[PDB]
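In the block that follows, a single chain appears as structure tokens, in the form deposited without the named molecule.
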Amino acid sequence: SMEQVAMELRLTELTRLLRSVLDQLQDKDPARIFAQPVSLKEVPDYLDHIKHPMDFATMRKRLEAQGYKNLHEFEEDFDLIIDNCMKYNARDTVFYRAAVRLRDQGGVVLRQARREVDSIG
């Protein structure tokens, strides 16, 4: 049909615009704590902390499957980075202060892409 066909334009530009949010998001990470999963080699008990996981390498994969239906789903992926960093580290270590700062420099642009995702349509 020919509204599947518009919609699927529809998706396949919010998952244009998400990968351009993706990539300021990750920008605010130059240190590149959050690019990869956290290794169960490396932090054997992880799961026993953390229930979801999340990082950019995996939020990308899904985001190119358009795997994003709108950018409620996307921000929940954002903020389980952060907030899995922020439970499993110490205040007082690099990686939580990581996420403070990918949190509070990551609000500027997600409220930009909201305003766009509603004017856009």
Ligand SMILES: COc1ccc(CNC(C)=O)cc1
Contents of the next structure:
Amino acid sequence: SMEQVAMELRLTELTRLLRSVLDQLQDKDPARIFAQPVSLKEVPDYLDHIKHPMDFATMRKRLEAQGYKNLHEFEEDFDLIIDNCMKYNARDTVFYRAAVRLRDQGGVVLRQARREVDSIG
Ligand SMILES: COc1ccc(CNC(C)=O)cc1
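Having seen the form deposited without the named molecule, could you now give me the structure of the form solved in complex with the named molecule?
Entire complex below, previous chain first.
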């Protein structure tokens, strides 16, 4: 139907917007600490600790399949990256601190993205 096409056009431009957002958020991780899933070969006990792993590569895969229906779904995944890290790693580690900095610096980006998604519809 025409309605379905219209819907798919909105999804496509949402995906376009979120691609930009994801790029800006990943720029705030210059150490690439969150770039790839935590290796279960190198960290064998990880899944005993973290029940829903997430990372930028995995988000990007979902993104390009147009798998984020709205900004909330995207933000959930971003928050998993940060929250998993702040639980698995202690406060005095480069990993925990990178998560804090990513959350802080990311807030600006996400604040504007929400306004753009709302405004553009
Ligand atoms: C192989 O060495 C490692 C692997 C993972 C981590 C923690 N990373 C995250 C995102 O939690 C630390 C050391």
